[PDB]
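Shown next as structure tokens: one chain only, the form solved without the named molecule.
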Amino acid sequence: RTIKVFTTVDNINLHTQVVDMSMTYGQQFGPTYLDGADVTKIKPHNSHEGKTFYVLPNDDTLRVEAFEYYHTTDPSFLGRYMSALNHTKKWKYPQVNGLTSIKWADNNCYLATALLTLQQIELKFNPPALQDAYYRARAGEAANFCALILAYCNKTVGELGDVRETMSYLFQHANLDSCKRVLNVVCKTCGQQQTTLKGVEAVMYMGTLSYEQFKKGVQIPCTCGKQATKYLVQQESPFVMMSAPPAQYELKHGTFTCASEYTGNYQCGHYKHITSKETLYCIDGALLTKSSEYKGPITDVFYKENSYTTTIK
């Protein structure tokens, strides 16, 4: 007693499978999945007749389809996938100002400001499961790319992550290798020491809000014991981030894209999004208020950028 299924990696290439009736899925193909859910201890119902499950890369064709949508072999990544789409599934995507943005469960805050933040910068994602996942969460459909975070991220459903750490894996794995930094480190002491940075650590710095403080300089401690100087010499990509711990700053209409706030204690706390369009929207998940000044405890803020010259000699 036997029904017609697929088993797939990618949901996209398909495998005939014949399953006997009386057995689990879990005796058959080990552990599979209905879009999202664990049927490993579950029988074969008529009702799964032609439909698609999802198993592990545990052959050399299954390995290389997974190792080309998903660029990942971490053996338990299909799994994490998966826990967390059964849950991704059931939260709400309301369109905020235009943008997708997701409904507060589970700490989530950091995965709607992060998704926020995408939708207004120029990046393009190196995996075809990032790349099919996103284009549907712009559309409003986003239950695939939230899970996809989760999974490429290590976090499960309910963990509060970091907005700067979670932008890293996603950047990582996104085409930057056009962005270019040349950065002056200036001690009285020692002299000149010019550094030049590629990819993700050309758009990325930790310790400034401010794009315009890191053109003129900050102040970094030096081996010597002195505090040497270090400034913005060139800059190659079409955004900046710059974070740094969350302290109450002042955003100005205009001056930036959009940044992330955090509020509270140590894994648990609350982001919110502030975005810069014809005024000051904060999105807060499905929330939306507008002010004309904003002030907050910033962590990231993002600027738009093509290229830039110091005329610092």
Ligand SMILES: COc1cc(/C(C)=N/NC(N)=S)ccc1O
The other form holds:
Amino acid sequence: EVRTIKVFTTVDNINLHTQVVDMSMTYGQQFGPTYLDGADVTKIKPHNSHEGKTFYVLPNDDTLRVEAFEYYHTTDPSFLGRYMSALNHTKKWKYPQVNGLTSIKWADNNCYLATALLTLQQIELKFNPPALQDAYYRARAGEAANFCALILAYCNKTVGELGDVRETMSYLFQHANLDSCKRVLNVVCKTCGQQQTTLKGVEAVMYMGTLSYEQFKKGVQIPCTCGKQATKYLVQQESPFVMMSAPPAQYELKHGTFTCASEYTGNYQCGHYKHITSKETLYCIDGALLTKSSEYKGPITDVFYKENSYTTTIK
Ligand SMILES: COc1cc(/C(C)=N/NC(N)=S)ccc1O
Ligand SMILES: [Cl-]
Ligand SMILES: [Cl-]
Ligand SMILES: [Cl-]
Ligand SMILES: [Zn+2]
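Now that we've seen the form solved without the named molecule, could you pull up the form deposited with the named molecule bound?
Following is the full complex, with the preceding chain placed first.
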């Protein structure tokens, strides 16, 4: 007896493609690698319960290639498989609402993702790939599994792998519209004089070397090519936020002087992130866990600040 069912294939879970599959052959033999809501069904034969369901496949013809690029803005051949592999895990995570924000209950070393997600909900940022637009909208509403699996895929991290918050934000910023953001800096060495620089996009909102926005405005010491120490300060800033980052160090966070921050305890091979947010008071969100305090001191590694337009008074 020849038996078939109708299923749909997809690469973006919006555009569907009608298929008839032989129930005597695996999905793999018929589609190549195939996934059902993140589960790898390549080696599985069609079941009656599969009729009418949507399966993800890899882009193996020009129509799927165009749909996949339009939705994800990547042509990395292994992207969809990495996204499905992650999703199969993230759909099992819990996403509690903590002080009004979608968080993530700790699992699989996902603390860096929780503090990244919590941060995104506090800064003005629009993503460019539809995949991120759609999944972030769902994440804000509490259903963050697809958004987390996409972050993992875009950052080329697997579930359980140790992640860095600054690197993760850089990847997400790369897929955001930051074209309006601009930064002017001035570098002063006593032997070589001055040199001003202009930064755009992601580079205009990220800085590595100091956590304090005020000190960035007043000046920071860096090496110069002659062996002297030069000073660098912020001349002009046009952006809706800024992100200041540094190797983890004991740092004091004062209520009302920043938006949110990341705290890292541990070492370079393993550790743990927490998120600090400045609301009526300082709240520390550690996945599902919430505590409060009037003042905060701890090993901070990233601080986010609101911004619209800043121009220095320094001459
Ligand atoms: C085979 O797997 C993938 C293919 C692509 C697309 C759209 N490539 N298309 C061109 N290179 S023209 C994107 C992600 C994948 O996972
Ligand atoms: Cl898991
Ligand atoms: Cl968005
Ligand atoms: Cl403290
Ligand atoms: Zn010099």
